[PDB]
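Participant: Listed below are the residues making up each chain.
There are 2 protein chains.
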Amino acid sequence: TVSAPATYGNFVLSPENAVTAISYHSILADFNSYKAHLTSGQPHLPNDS
Amino acid sequence: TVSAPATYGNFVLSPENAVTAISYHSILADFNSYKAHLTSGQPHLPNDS
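As they're listed, the protein sequences go chains I and K.
Numbered continuously in the deposited numbering, the first sequence closes out at residue 343.
Numbered continuously in the deposited numbering, the second sequence closes out at residue 343.
Isolated chain I (complex conformation):
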């Protein structure tokens, strides 16, 4: 008996994503995690989008 995910995982665009998609035709998934790790000086994200 195996435990499997009951439903699909939902990906959502953030407001920062909306701005970059309107202006640059480009989306960086989970923008805020990158910006916080970038200004804090942390070289590694904990997880992938």
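What the hints contain is simulated information worked out from the structure, not anything from laboratory work.
Any given hint could turn out to be false.
Label pairs and their in silico Cβ distance ranges [claimed, not checked]:
#, chain 1, residue 1, chain 2, residue 2, range
1, K, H338, I, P340, 37 to 47 Å
2, K, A315, I, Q336, 13 to 23 Å
3, I, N341, K, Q336, 16 to 26 Å
4, K, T333, I, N341, 23 to 33 Å
5, I, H331, K, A330, 21 to 31 Å
6, K, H331, I, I321, 14 to 24 Å
7, I, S343, K, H331, 24 to 34 Å
8, K, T301, I, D324, 30 to 40 Å
Not the full set, but computed from the structure, chain K residues with beta-carbon under 10 Å of chain I [as the list claims (entries may be wrong)]:
#, residue
9, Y302
10, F305
11, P309
12, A312
13, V313
14, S317
15, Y318
16, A330
17, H338
18, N341
If you want the ones that stay clear, here's a sample from chain K, every Cβ over 10 Å from chain I, calculated [unchecked claim]:
#, residue
19, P299
20, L322
21, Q336
22, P340
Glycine included, every Cβ here is placed at the ideal spot set by N, Cα and C.
Assemble the complex: chain I is given as a structure, and chain K must be docked to it using the hints.
Facilitator: Chain K in isolation, oriented as in the chain I frame:
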């Protein structure tokens, strides 16, 4: 006698501007104000950067 500004004004990149400068080679000044107005639905900013 006229009243004149005593010092140069300061223009600062926000951390979102850091992310988009690195990624897209471009900056949208007052990135967060555009973001907040765009999600709120409001068409006019009070002033420019």
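Participant: For each hint, tell me whether it holds in the structure or not.
Facilitator: Verification of the hints:
1. K/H338 to I/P340: 37 to 47 Å: Taking Cβ atoms as reference, K/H338 and I/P340 lie about 39 Å apart, which means the hint holds.
2. K/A315 to I/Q336: 13 to 23 Å: 19 Å, holds
3. I/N341 to K/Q336: 16 to 26 Å: 34 Å, violated
4. K/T333 to I/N341: 23 to 33 Å: 25 Å, holds
5. I/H331 to K/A330: 21 to 31 Å: 23 Å, holds
6. K/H331 to I/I321: 14 to 24 Å: With Cβ atoms ~20 Å apart, the hint holds.
7. I/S343 to K/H331: 24 to 34 Å: 26 Å, holds
8. K/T301 to I/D324: 30 to 40 Å: 39 Å, holds
9. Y302: Status violated, d = 25 Å.
10. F305: Nearest chain I Cβ about 18 Å off; hint violated.
11. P309: This hint holds: K/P309 lies near chain I, its Cβ roughly 5 Å from the closest one there, short of 10 Å.
12. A312: Since chain I brings a Cβ to about 6 Å from K/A312, closer than 10 Å, the hint holds.
13. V313: It holds, given that the least Cβ distance between K/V313 and chain I is near 5 Å, below 10 Å.
14. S317: 6 Å, holds
15. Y318: K/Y318 check passes; min Cβ-Cβ to chain I is 5 Å, inside 10 Å.
16. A330: 8 Å, holds
17. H338: 17 Å, violated
18. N341: At 19 Å from the nearest chain I Cβ, K/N341 fails the 10 Å test, so the hint is violated.
19. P299: 30 Å, holds
20. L322: 6 Å, violated
21. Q336: 13 Å, holds
22. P340: 18 Å, holds
Of the numbered hints given earlier, the model fails hints 3, 9, 10, 17, 18, 20; all others are met.
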